[PDB]
Amino acid sequence: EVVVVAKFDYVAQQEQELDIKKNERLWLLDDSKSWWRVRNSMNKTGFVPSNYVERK
Amino acid sequence: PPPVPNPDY
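In order, the protein sequence lines correspond to chains A and D.
Counting from 1, position 1 in the first sequence corresponds to residue 2 in PDB author numbering; the numbering is continuous, with no gaps.
Counting from 1, position 8 in the second sequence corresponds to residue 187 in PDB author numbering; the numbering is continuous, with no gaps.
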């Protein structure tokens with residue numbers, strides 16, 4: 002039930018990463034490391050840089 | 180914008 006909002010665009014460079022756009026809302030799934038695992042509104046998941054998203 | 184952290188996922 003935790004939301005993050007992207008602060009910057011991120012174009013994925015590996016299969017496990019996720020493309021995000023600035024202002025996109027995402028579900029936060031795992032915040033244990035410096036890259037966080039998120040789910041988007043297309044029901045896709047992947048890792049993004051934790052400093053590119055803001056916990057709401 | 181800042182650099183990404185070193186990936187360790």
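FYI, nobody ran anything at the bench for these hints, they're computed from the structure.
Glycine is no exception: its CB is placed at the ideal position from the N, C-alpha and C atoms.
Some clues are possibly wrong.
[What the hints assert, rightly or not] To give a feel for the contact side, a few chain A residues facing chain D, derived at Cβ under 7 angstroms:
# : residue
1 : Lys34
2 : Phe48
3 : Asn52
Quick rundown of the hints versus the structure:
no.: 1; hint: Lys34; in the structure: 6 angstroms, holds
no.: 2; hint: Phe48; in the structure: 4 angstroms, holds
no.: 3; hint: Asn52; in the structure: 6 angstroms, holds
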